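Form solved without hypoxanthine, single chain, as structure tokens, below.
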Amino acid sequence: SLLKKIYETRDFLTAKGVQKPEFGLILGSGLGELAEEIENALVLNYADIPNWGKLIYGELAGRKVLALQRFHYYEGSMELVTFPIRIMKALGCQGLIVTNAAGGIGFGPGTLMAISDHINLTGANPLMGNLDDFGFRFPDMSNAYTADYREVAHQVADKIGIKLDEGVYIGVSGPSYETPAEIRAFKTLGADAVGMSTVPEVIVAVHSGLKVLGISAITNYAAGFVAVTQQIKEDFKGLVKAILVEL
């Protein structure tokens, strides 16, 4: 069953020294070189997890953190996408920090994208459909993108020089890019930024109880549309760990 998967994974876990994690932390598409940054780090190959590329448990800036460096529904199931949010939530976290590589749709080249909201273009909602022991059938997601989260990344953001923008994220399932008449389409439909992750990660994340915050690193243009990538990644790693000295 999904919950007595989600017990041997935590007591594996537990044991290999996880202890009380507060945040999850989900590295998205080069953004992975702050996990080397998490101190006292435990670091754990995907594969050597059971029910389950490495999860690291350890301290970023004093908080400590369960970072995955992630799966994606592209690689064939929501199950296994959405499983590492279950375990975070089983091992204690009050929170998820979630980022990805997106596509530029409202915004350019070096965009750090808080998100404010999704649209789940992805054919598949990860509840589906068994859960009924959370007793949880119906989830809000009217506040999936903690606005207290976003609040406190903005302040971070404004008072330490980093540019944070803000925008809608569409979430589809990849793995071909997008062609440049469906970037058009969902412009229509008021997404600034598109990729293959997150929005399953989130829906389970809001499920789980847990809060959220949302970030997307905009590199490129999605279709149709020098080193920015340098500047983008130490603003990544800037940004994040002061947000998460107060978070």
Second form
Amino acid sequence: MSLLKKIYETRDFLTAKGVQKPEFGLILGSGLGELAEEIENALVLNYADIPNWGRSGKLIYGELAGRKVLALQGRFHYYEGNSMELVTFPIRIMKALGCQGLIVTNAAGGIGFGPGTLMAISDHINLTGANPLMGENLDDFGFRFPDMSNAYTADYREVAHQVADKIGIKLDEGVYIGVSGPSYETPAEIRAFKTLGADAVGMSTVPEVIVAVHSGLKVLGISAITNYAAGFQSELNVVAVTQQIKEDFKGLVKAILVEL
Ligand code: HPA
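The structure above corresponds to the form solved without hypoxanthine; please give the structure of the form solved in complex with hypoxanthine next.
Then the entire complex follows, led off by the chain already shown.
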């Protein structure tokens, strides 16, 4: 089919550009972009130059913390009007290129945790309005009806909390609820999401994680909580606790990369 041939064409392109044997997918959300700096012998490509991909923004291959990583710095957002096929196309590419696991980070609003926290994601709730696997199943990639019981790979999660303790960074853990965006939530919406068991809320991740699961990729997800969700303070700006958290997240992801 159409999608599959794109997947293969973009995979060869990337192979030809020298994208050899990435072990890890790395999606750097809101201000972990910088960490793509520290990537060694980096192949750096603009999104606009990647066939079948286009302008969401860079894709970056090379070595980080001793591992082969395929990093997205700047990521597709559903609220920008990108379909769900295009949002998750980099995830199809990471699998088809041999990646074993995905590390997806993001910035989230805090329901059960407060600003400055880092929250390993233990599960998610998809409230985006859509599911990225709608359409014909991609048999080459996975089953029609994939099990989400273990989406945020419990082995990866244990590794993250060990690394966090051993390096003395506080690592919390909880449930992310994905919404579409791009408006922030009303306080009433935040009360319902709390009732539905969410600990944090943002505008990404869920669809990528679904496709990651379908593709058989293990997954690690971490939210930086950048602010109390609507209702828990009185306005939402200055979500720049992102900066004060920058250095802890960087060292954490690096030291996790070593151990997965
Ligand atoms: O409060 C929020 N809501 C949804 N997404 C977000 N990303 C950062 N903060 C938020």
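Positions refer to the first chain, counted from 1. Between two forms, the rigid core is the largest collection of C-alphas that superpose within 1.5 Å.
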{"property": "Residue among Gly161, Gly135, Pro175, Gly123 with C-alpha shift of 2 Å or more between these two forms, core superposed", "result": "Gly135"}
